[PDB]
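Colleague: The residues making up each chain are set out below.
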Amino acid sequence: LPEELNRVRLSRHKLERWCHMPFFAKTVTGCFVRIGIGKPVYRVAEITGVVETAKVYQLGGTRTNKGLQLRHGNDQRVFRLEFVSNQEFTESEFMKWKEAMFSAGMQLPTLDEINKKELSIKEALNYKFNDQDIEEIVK
Amino acid sequence: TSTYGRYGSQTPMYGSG
Amino acid sequence: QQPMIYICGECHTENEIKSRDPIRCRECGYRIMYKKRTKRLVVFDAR
Amino acid sequence: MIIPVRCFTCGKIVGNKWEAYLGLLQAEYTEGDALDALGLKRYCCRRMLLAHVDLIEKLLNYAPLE
Ligand SMILES: [Zn+2]
Ligand SMILES: [Zn+2]
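From first to last, the protein sequence lines are chains F, H, P and D. Just remember that the working numbering sits 6 ahead of the position in the first sequence, which is counted from 1. Just remember that the working numbering sits 22 ahead of the position in the second sequence, which is counted from 1. Just remember that the working numbering sits 4 ahead of the position in the third sequence, which is counted from 1. Mapping the fourth sequence onto the working numbering, position 12 (from 1) lands on 3, and the numbers just tick up by one.
These aren't lab readings, by the way, just hints derived from the structure by calculation. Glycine is no exception: its CB is placed at the ideal position from the N, C-alpha and C atoms. Careful, some of the hints might be misleading.
To be verified - Simulated restraints, written as ranges between beta carbons of each label pair:
hint : chain 1 : residue 1 : chain 2 : residue 2 : range
1    : D       : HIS43     : P       : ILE27     : 35 to 43 Å
2    : F       : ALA130    : D       : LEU50     : 15 to 23 Å
3    : D       : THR21     : P       : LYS40     : 46 to 54 Å
4    : P       : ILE27     : H       : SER38     : 15 to 23 Å
5    : F       : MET27     : P       : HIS16     : 46 to 54 Å
6    : F       : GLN113    : H       : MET35     : 47 to 55 Å
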């Protein structure tokens, strides 16, 4: 279903609150994003890890140069956090992603996996900043 | 205050660049 | 769902400070910050 | 700190004359001539342009942001 898959969709507004929070390669790795390719067609890709690009770009108020190593079945390349769209996974895009996953051979994540992963972002959002992370963030 | 999108703020594409 | 937003001292940049947290700005890092104007019906009489 | 809106004694509007007064004083005119050039007959309204101190500038020097 597309509705259950949009629960872990990391929109463009949520990523602005974890630009310098540690454990970025643990809570983010697992969710899906609607990266814009470009005309209005979109392709859902899996978050394999985290990379850092040499180009610095501004995204509204803040500004980040980090990348996002994505993959859609087999075709993989470097992307940016500015091309991500806030739209939800449509039926056509959902079917396209399902077909790509079936063709690539990657087993579809189980429903319980998404159910237990969606809570990660929720528990990270309300995380108290009591440790020594503000110093690294400001640096 | 999770995501006040209200659509969005004109999202750029990859191939457009 | 009000996280008690604040305004930094010199940066004048909004910050979300909750209870049991240090009083510092999201960037640079200072120790001074003020509050924002209330949302009440501030009505005066031009007398 | 800022030019009042009306003269305390008389009541005539004087707020809309500070900029004109500064301009006339800058061009060539003096104070004794500028005051009656603006239209201030009574001596009670003439203090607003002579006694007033413009402290709003120093306040504006402490810009909050940028
Ligand atoms: Zn600070
Ligand atoms: Zn007068």
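Colleague: Work down the list of hints and note, for each, if the structure agrees.
Modeller: Against the structure, the hints:
no.: 1; hint: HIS43(D) / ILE27(P): 35 to 43 Å; verdict: 42 Å, holds
no.: 2; hint: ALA130(F) / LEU50(D): 15 to 23 Å; verdict: 44 Å, violated
no.: 3; hint: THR21(D) / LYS40(P): 46 to 54 Å; verdict: 49 Å, holds
no.: 4; hint: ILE27(P) / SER38(H): 15 to 23 Å; verdict: 43 Å, violated
no.: 5; hint: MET27(F) / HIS16(P): 46 to 54 Å; verdict: 23 Å, violated
no.: 6; hint: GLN113(F) / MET35(H): 47 to 55 Å; verdict: 30 Å, violated
The structure shown violates the earlier hints numbered 2, 4, 5, 6.
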